[PDB]
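Asks: Residue strings, one per chain:
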Amino acid sequence: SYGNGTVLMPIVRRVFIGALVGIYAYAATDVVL
Amino acid sequence: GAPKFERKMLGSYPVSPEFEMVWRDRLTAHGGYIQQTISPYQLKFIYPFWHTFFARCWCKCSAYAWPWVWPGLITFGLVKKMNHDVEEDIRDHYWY
Amino acid sequence: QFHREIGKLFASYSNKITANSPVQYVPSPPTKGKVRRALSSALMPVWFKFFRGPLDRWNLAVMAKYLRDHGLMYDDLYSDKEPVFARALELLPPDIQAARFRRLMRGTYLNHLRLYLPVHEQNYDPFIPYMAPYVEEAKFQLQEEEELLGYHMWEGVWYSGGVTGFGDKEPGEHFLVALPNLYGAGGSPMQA
Amino acid sequence: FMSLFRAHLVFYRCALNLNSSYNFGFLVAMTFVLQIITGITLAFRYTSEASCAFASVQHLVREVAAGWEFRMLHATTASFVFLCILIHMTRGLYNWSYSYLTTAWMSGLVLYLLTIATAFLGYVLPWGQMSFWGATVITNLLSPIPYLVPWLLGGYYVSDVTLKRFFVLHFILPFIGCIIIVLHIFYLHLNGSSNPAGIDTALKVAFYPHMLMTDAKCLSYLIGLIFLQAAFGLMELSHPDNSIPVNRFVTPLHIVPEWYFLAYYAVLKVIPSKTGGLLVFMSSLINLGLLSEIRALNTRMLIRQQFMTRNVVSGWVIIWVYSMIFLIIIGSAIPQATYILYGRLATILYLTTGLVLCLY
Amino acid sequence: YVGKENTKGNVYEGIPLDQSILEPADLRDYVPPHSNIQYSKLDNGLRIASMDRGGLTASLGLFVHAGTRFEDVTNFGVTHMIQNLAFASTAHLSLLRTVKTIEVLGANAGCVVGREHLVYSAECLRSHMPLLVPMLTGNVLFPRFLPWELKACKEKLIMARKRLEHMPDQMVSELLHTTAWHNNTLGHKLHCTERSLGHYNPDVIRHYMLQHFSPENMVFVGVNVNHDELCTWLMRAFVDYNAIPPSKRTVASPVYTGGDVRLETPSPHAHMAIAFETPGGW
Amino acid sequence: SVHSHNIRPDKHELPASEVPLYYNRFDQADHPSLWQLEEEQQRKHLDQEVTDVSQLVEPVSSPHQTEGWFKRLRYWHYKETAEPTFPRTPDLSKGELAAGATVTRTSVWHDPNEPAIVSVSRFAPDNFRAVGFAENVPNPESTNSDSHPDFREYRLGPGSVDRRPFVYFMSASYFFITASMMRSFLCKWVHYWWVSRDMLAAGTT
Amino acid sequence: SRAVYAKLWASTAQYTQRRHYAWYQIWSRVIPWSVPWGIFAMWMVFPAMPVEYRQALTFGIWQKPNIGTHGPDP
Ligand SMILES: CCCCCCCCCCCCCCCCCC(=O)OC[C@H](COP(=O)([O-])OCC(O)COP(=O)([O-])OC[C@@H](COC(=O)CCCCCCCCCCCCCCCCC)OC(=O)CCCCCCCCCCCCCCCCC)OC(=O)CCCCCCCCCCCCCCCCC
Ligand SMILES: CCCCCCCCCCCCCCCCCC(=O)OC[C@H](COP(=O)([O-])OCC(O)COP(=O)([O-])OC[C@@H](COC(=O)CCCCCCCCCCCCCCCCC)OC(=O)CCCCCCCCCCCCCCCCC)OC(=O)CCCCCCCCCCCCCCCCC
Ligand SMILES: CCCCCCCCCCCCCCCCCC(=O)OC[C@H](COP(=O)([O-])OCC(O)COP(=O)([O-])OC[C@@H](COC(=O)CCCCCCCCCCCCCCCCC)OC(=O)CCCCCCCCCCCCCCCCC)OC(=O)CCCCCCCCCCCCCCCCC
Ligand SMILES: CCCCCCCCCCCCCCCCCC(=O)OC[C@H](COP(=O)([O-])OCC(O)COP(=O)([O-])OC[C@@H](COC(=O)CCCCCCCCCCCCCCCCC)OC(=O)CCCCCCCCCCCCCCCCC)OC(=O)CCCCCCCCCCCCCCCCC
Ligand SMILES: CCCCCCCCCCCCCCCCCC(=O)OC[C@H](COP(=O)([O-])OCC(O)COP(=O)([O-])OC[C@@H](COC(=O)CCCCCCCCCCCCCCCCC)OC(=O)CCCCCCCCCCCCCCCCC)OC(=O)CCCCCCCCCCCCCCCCC
Ligand code: HEM
Ligand code: HEM
Ligand SMILES: COc1cc2[nH]c(C)c(-c3ccc(Oc4ccc(OC(F)(F)F)cc4)cc3)c(=O)c2cc1Cl
Ligand SMILES: [Mg+2]
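Which chain is which? The protein sequence lines are E, G, F, Y, W, Z and H, in order. Position in the first sequence (from 1) plus 265 gives the number in our numbering. Position in the second sequence (from 1) plus 46 gives the number in our numbering. Position in the third sequence (from 1) plus 263 gives the number in our numbering. Position in the fourth sequence (from 1) plus 98 gives the number in our numbering. Position in the fifth sequence (from 1) plus 3 gives the number in our numbering. Position in the sixth sequence (from 1) plus 7 gives the number in our numbering. Position in the seventh sequence (from 1) plus 1 gives the number in our numbering.
Don't take every hint at face value.
[Said to hold, decoys possible] When the alpha-carbon atoms are kept at most 27 Å apart in a straight line, the in silico BS3-like pairs for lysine-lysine are as follows:
| no. | chain 1 | residue 1 | chain 2 | residue 2 |
| --- | --- | --- | --- | --- |
| 1 | G | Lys50 | F | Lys279 |
| 2 | F | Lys432 | W | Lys11 |
| 3 | Y | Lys262 | Z | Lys195 |
| 4 | G | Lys50 | W | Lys154 |
| 5 | W | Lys11 | F | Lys279 |
| 6 | F | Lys328 | Y | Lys302 |
| 7 | W | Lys165 | F | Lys279 |
| 8 | F | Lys297 | F | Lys312 |
| 9 | F | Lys402 | H | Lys65 |
| 10 | G | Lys90 | Y | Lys367 |
| 11 | F | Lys402 | W | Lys165 |
| 12 | Y | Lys302 | G | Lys106 |
| 13 | W | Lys192 | W | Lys154 |
| 14 | G | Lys50 | F | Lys402 |
| 15 | W | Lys159 | G | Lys54 |
| 16 | G | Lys54 | W | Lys192 |
| 17 | H | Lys8 | Z | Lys195 |
| 18 | W | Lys103 | F | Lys432 |
| 19 | Y | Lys262 | G | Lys127 |
| 20 | W | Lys7 | F | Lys271 |
| 21 | F | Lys271 | F | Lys297 |
| 22 | F | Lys279 | H | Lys8 |
| 23 | W | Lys103 | G | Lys50 |
| 24 | W | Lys44 | W | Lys103 |
| 25 | Y | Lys372 | G | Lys90 |
| 26 | G | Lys54 | W | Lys157 |
| 27 | W | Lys103 | W | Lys192 |
| 28 | Y | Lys262 | G | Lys106 |
| 29 | G | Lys50 | F | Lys432 |
Note that these hints are calculated values from the structure, not bench results.
Sequences and hints are given; from them, build the entire structure.
Replies: This is the structure we're talking about:
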């Protein structure tokens, strides 16, 4: 938010989440679908 | 450290370098207080530990019972059931 | 002018939101779908009776016994490291601030000794929301500041004035601006 | 630098209700020191040449005065490094310390990976059967990544050139770790430490002498237990096959790594796919890193107190601990269909508990 | 500005200013405006007066008959406090959104305290008048007077007279008034003192406004505005909410005493002033 | 500061009140404002025109002074030797300097026909000036000599071509040369890391 | 008037959308840095690829060095 310089951790958060959604979606299509 | 509205100092003398961390965590004593402390050279310092032993032990052991012991007993049981099925499975395949 | 074309798409979606915005309070729409709100209501009499119900009741008993052992209120568990709660604490009147200070001191001492309070000192309701009026005013103040000043990613001079240049205002709080001086006796930002 | 020493180790103020759960950071640091001292001393008489490495360790024990003491202390202390770290990390998950000590948590995770890599490099140096065949296997799980293997070895197989370079890396990485410990402490003292109750409080006292004497008491226990195990051999921390010379054309009957790598080695063993097993490795680390941003994952304001006291639903960290113990048992067993079935049962708990920690 | 719909850019690129870009549809036959003052009044007693000269920048002003001559020994400094709290939080708008929205509109606004009158004013493009009216009237209709906002204004409250000391002409004038009308009416000071800080709380302020800030004691004036449009928006500002009710007050006559006062200060010149009373005033 | 002075007694370097080293002839003004008149009525050597080194003014200081074994430099002025309890009284009739300990611990300032408060007012350091002060000590008007060039000779003025394209092609060329040097050093480091020529051959059978 | 106050309140309703427009502006200024860093990456891994591939990325321009050694056997 306005007033602080914590500017990299919000980027790390969005990359980690996206990476998890892709790992567990690539495994289901191989086992289930 | 402390919030800005607590870090504000009443005095004006400069903060010395060996005390930088002390004043980064200043906190206002809202309402005030009165403190009494005795010198360690004039106290019994081992008897108080044993005087309160039973009360302290009850508090700690009671807190840990449900959360730690109950899942541990279940894990122990699963370890035995696992080892009982391994033996029976070896004889149903290799023994005549 | 490739930037002006992208700006036209943003603007079209923007005007659509505005043209469909109501001018008075309207209840929010249900989140869960009708298929999910039908299974829950059908299994409710059995799921609630034997599982969810006792889970809720055990939770409140566990919380109440821990707080009462230490003489604490539920709202004493929030930290002043949250910006919203820090602003709320600044708005308190003296009498409420003094009682919180005292309860926090007493609870740290009791947790150090690991000794329960007597039962007659535990006869109180710990779930009274004494911070609520100040929390809701704090949220209003900080939401205004963010909408009026923090709507864009602003540029700045890098590693100048004790800060990094990417948004921080208080100096020396990131490693690449650590160790401000090699000589001297230093100083406090609170004494500038 | 003496004003920094007195500001951070003498006059630093701490909450009165600290206890031994807050002493294991100091113990880990002291284990690094002991390893650096004993490691350098061993280096004066070690030979990286593959044809003579195994013999140089034995000659060191059998002929050199006090050679047995430095060899056995270095091996035992390595086990205590990982036990302390495990207790250190578990305290954080019990108290949700990463809520506001965000960069302290992330920096710690980097230190953990550095220590894992260091230990793996050191275990290959004595150049016994388990040295060779454990490196061959663990370096094949990384085969899905293209060309990440033949270069680290500098050959077509774990040859004599790999041993020379594992010695240099093993020498260097610990000192890099010492640099990152400084960052770790920077991010901690920026915010200040938490306490077991999870509350803010003004009942604090100076580090010296009250809190400094608790660290000292724990150090005594550590030194006594290390020497007890080192000089008498009560537990079996090393595998016997590493007392056998390397043979490239004879695989040992049972290949198992050190205990502190067993659990995740079991997880990767019950998953048949080789590519899917490595994705499982990344997802677990990603989950631990994401906890640094737990405040933002839900709009409800969180609290540090998790209310495990007298609670019959327990907590996710406790359930994880028992799943890890269960897998250490599976990893140490001979492959059998029944072991594989239960190993998969525990793997689900091992992974699901991590994911749900991000929910509240 | 979330994107932009127009994509034509600067259509006058490359054309120098010695050449005109207007079209015949932009030409008109001039018709002079209504430059005489027009008068109107609302039902709550507010008097309104406006005039139009055909300019594009308008001036707006709200005059209140509540100056320092109405203060007493328990109130000295209250009118100066109200001036420094102008454009603070109201029932329907916060301090930050009020001052930030005026700036973004390109307007200037302020509050000036005097011995007989208080004035709130703003200047802006004449199409923004309806937006500026509520931000002027809100100060006298429903101010909140929040504690933490009073505590943030206490600094600038003392720096006024301190800045006045190094302004000789303004200091000679103050000394002339304090000495001409000793301890009464026109002799009260304009700004606060360290003593005034003993009664700087919302209850004292709100009690002063309830005696003097009724609509009957106020006039609104605009220049370069349409009279009828100004009346409509002023009516809409007062229709849904209750204003301070009227009150009968007796105005004390000033008592002229004369006298003498000196004030030594480092300076190369000797400033001297001598005056007499004018009976009846305006 | 971290530097200490070295004021101590010395048996070989006698005190300046007894061996001054510097030329010990000074004038004395009743009030230092009078030096402004000396500066406008005395002539300066730097206002005369000379052309040869042989015509330069000769110093009044003597070259024969400091002596000793392996003493390379032979002329000095000041020293930190401690002054004794009863120093030598300066002889003002010969032009000797009176300052510091030689004012406080001697009777050099007594005048029979003046009050003491008046006499001692003339013995502050600003009251004394060495002979030759007005004729010699320079006071420059600039750092630059008119016999030397400055930017007026080298400036590119109207009608000149723009230099920006050349300045940045100079710097860019240095960088694409330095980038190539770095890329080559890294490629050589990676090769060294890879298998050697003796092991590549053993694999072929 | 209540109508005026309503329009001022709504002026900042689309905070989330405006932050997204900020994302676009900044990422458009940053993304060109991928070209310098991309050239250097290919420049580094070029010599580790087969000869046949090295001649394809350059359209037959690149060829083996001719330093006067390892010639055909009679
Ligand atoms: C000093 C006083 C005492 C006396 C004097 C002492 C003198 C000595 C002191 C030193 C003096 C010399 C100067 C040294 C300078 C060093 C540089 C420095 O200071 O930078 C600080 C600088 C922070 O600066 P700042 O001013 O504090 O804030 C910056 C912003 O303004 C604001 O940013 P922010 O606050 O918003 O967020 C900051 C955050 C930003 O956080 C991040 O961006 C995350 C960084 C960590 C990521 C990895 C952690 C694990 C995550 C999960 C796994 C992910 C896998 C990858 C896949 C992801 C999905 C695609 O950073 C941190 O949390 C700090 C972490 C500390 C990193 C330090 C590492 C330095 C380089 C050396 C690395 C060596 C690694 C060996 C171990 C591995 C060996 C195999 O840190 C960085 O930003 C650099 C990050 C580097 C990350 C390297 C990660 C390597 C490992 C990756 C995982 C690989 C796994 C592979 C497994 C394979 C298995 C087979
Ligand atoms: C299993 C291993 C672990 C160790 C054994 C188990 C643990 C307990 C052992 C017994 C020690 C405590 C004895 C009672 C308390 C004494 C202090 C006191 O205040 O008492 C009077 C106090 C009432 O007196 P008062 O009139 O109110 O106040 C009088 C004082 O002025 C009050 O003044 P104050 O409060 O300020 O303090 C007075 C002060 C003054 O005390 C004195 O009287 C001064 C004594 C000077 C000597 C200090 C001891 C040094 C010994 C070192 C070893 C020998 C070195 C010599 C060479 C040996 C060569 C072979 O007291 C001390 O300094 C205590 C000294 C004794 C320390 C404990 C030593 C135990 C180990 C001994 C052998 C060494 C380890 C083995 C290694 C070597 C062999 C391989 O009563 C109590 O405190 C309540 C007593 C009930 C508590 C005892 C509960 C025992 C059962 C629980 C443990 C069961 C086993 C473990 C279960 C958990 C694991 C499964
Ligand atoms: C005389 C005849 C002979 C008999 C006598 C005895 C003879 C032998 C010799 C004498 C022996 C006694 C001598 C006197 C001793 C005096 C000192 C003393 O009492 O020490 C206790 C004292 C306790 O500290 P405290 O300040 O009093 O209280 C701290 C609170 O408890 C902290 O609580 P909090 O609430 O503040 O923090 C919350 C949370 C925060 O979290 C933490 O603090 C960290 C995590 C704590 C939990 C640790 C477990 C998780 C790690 C698992 C590791 C897995 C290993 C992998 C390998 C597996 C291989 C299969 O911590 C906890 O939750 C802690 C409670 C844990 C309870 C565990 C319950 C287990 C239930 C088991 C059920 C089993 C069911 C199945 C049964 C089947 C059969 C029927 O600790 C020390 O003073 C430490 C000194 C040594 C330092 C360590 C150096 C060695 C490192 C290796 C050992 C690591 C563990 C060490 C303990 C760690 C404690 C945190
Ligand atoms: C049976 C055989 C026995 C053989 C053993 C020897 C027997 C000798 C018996 C002689 C008896 C008759 C003569 C008695 C004289 C007594 C003088 C005396 O005590 O002083 C009285 C008296 C003391 O009164 P004072 O008040 O102390 O006055 C002192 C002055 O103020 C002083 O201060 P100042 O300010 O007046 O003077 C300026 C000062 C300051 O001047 C400077 O700083 C200027 C320097 C400019 C240098 C520029 C150089 C540039 C060119 C460089 C070329 C390239 C070189 C680098 C490349 C190298 C590549 C490898 O100049 C100096 O410091 C002069 C330096 C002289 C250095 C000569 C050292 C010779 C050593 C020979 C070896 C000894 C053994 C060594 C150890 C062997 C292993 C154990 O002194 C005078 O009046 C002045 C007299 C000075 C005489 C000096 C020369 C004496 C030579 C005697 C003969 C030696 C023969 C050796 C060979 C024999 C072969 C058979
Ligand atoms: C006014 C002032 C004027 C002044 C005078 C004039 C000034 C200028 C004169 C200059 C004269 C020359 C001077 C000498 C320079 C060269 C010599 C030299 O330097 O050599 C290096 C020298 C020896 O060089 P070397 O290694 O023998 O050279 C071997 C060759 O590199 C052999 O390399 P290779 O065979 O391995 O690989 C070569 C290969 C390499 O190929 C590749 O890697 C890639 C090839 C495939 C590219 C595929 C591209 C696909 C896309 C195409 C797009 C087309 C678009 C078309 C559009 C059309 C529109 C109409 O290239 C080719 O095959 C040829 C390329 C043909 C294809 C055409 C395309 C080219 C790429 C174009 C990219 C795009 C450009 C435009 C971008 C912007 C617009 C988008 O090394 C040293 O001296 C080393 C000394 C030690 C250094 C120590 C450094 C420090 C150590 C300590 C470090 C630690 C401390 C840190 C210190 C840090 C300090 C900073
Ligand atoms: C955290 C720090 C360290 C850890 C965890 C560690 C771990 C290990 C381990 C597990 C071994 C194999 C022991 C065996 O089974 O024989 C080993 C061996 C060795 N380490 Fe360390 N080490 C550390 C630091 C160092 C340092 C700093 C050096 C040298 C500067 C060093 C030098 C050696 C040598 C020469 C050996 C081979 C001797 C042997 O295998 O007994 N170590 N290390
Ligand atoms: C070489 C490895 C490490 C060293 C030397 C080290 C050192 C320390 C020390 C001395 C403390 C303060 C005292 C204490 O709380 O015990 C501390 C606190 C802390 N460490 Fe570590 N640490 C290491 C690894 C880790 C790891 C692996 C993590 C987590 C993944 C971590 C996370 C934390 C956190 C969150 C705290 C603050 C705890 C709190 O105040 O609530 N550290 N560390
Ligand atoms: C909820 O509480 C926790 C969760 C935890 N989750 C995880 C995923 C880990 C962890 C991280 C890295 C790691 O590194 C590895 C080494 C070696 C390998 O491979 C092989 F084969 F074992 F050598 C794989 C991997 C091994 C294990 C923990 O420590 C951990 C600790 C606690 Cl308390
Ligand atoms: Mg949250």
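Asks: Run every hint past the structure and note whether it holds.
Replies: Do the hints match the structure? See the list:
1. G:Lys50 to F:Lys279: Given that 27 Å is the threshold and the Cα spacing comes to 43 Å, the pair is violated.
2. F:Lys432 to W:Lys11: violated (40 Å)
3. Y:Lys262 to Z:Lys195: holds (19 Å)
4. G:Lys50 to W:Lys154: holds (16 Å)
5. W:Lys11 to F:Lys279: holds (22 Å)
6. F:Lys328 to Y:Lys302: Judged against 27 Å, a Cα distance of about 25 Å means the pair holds.
7. W:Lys165 to F:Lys279: violated (55 Å)
8. F:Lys297 to F:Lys312: holds (23 Å)
9. F:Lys402 to H:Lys65: violated (69 Å)
10. G:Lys90 to Y:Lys367: Roughly 58 Å separates the two Cα atoms, so the pair is violated.
11. F:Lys402 to W:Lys165: Given pair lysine 402 of chain F, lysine 165 of chain W is violated - Cα atoms ~37 Å apart, limit 27 Å.
12. Y:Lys302 to G:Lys106: holds (23 Å)
13. W:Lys192 to W:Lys154: holds (23 Å)
14. G:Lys50 to F:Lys402: holds (18 Å)
15. W:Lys159 to G:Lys54: holds (20 Å)
16. G:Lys54 to W:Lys192: violated (34 Å)
17. H:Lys8 to Z:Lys195: violated (67 Å)
18. W:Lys103 to F:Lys432: Distance of about 21 Å is within 27 Å: holds.
19. Y:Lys262 to G:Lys127: violated (48 Å)
20. W:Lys7 to F:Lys271: This hinted pair holds, its Cα atoms lying about 5 Å apart.
21. F:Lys271 to F:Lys297: Violated, at roughly 37 Å.
22. F:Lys279 to H:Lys8: Holds, at roughly 17 Å.
23. W:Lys103 to G:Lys50: holds (25 Å)
24. W:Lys44 to W:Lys103: violated (32 Å)
25. Y:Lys372 to G:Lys90: The given pair, whose Cα atoms are some 64 Å apart, is violated under the 27 Å limit.
26. G:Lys54 to W:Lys157: holds (17 Å)
27. W:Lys103 to W:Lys192: With Cα atoms ~32 Å apart, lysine 103 of chain W and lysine 192 of chain W exceed 27 Å; violated.
28. Y:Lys262 to G:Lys106: Violated - the C-alpha atoms of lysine 106 of chain G and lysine 262 of chain Y are around 52 Å apart, more than 27 Å.
29. G:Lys50 to F:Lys432: Since the Cα atoms of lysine 50 of chain G and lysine 432 of chain F sit roughly 13 Å apart, the hinted pair holds (cutoff 27 Å).
Of the numbered hints stated above, those contradicted by the structure are hints 1, 2, 7, 9, 10, 11, 16, 17, 19, 21, 24, 25, 27 and 28, listed in ascending order.
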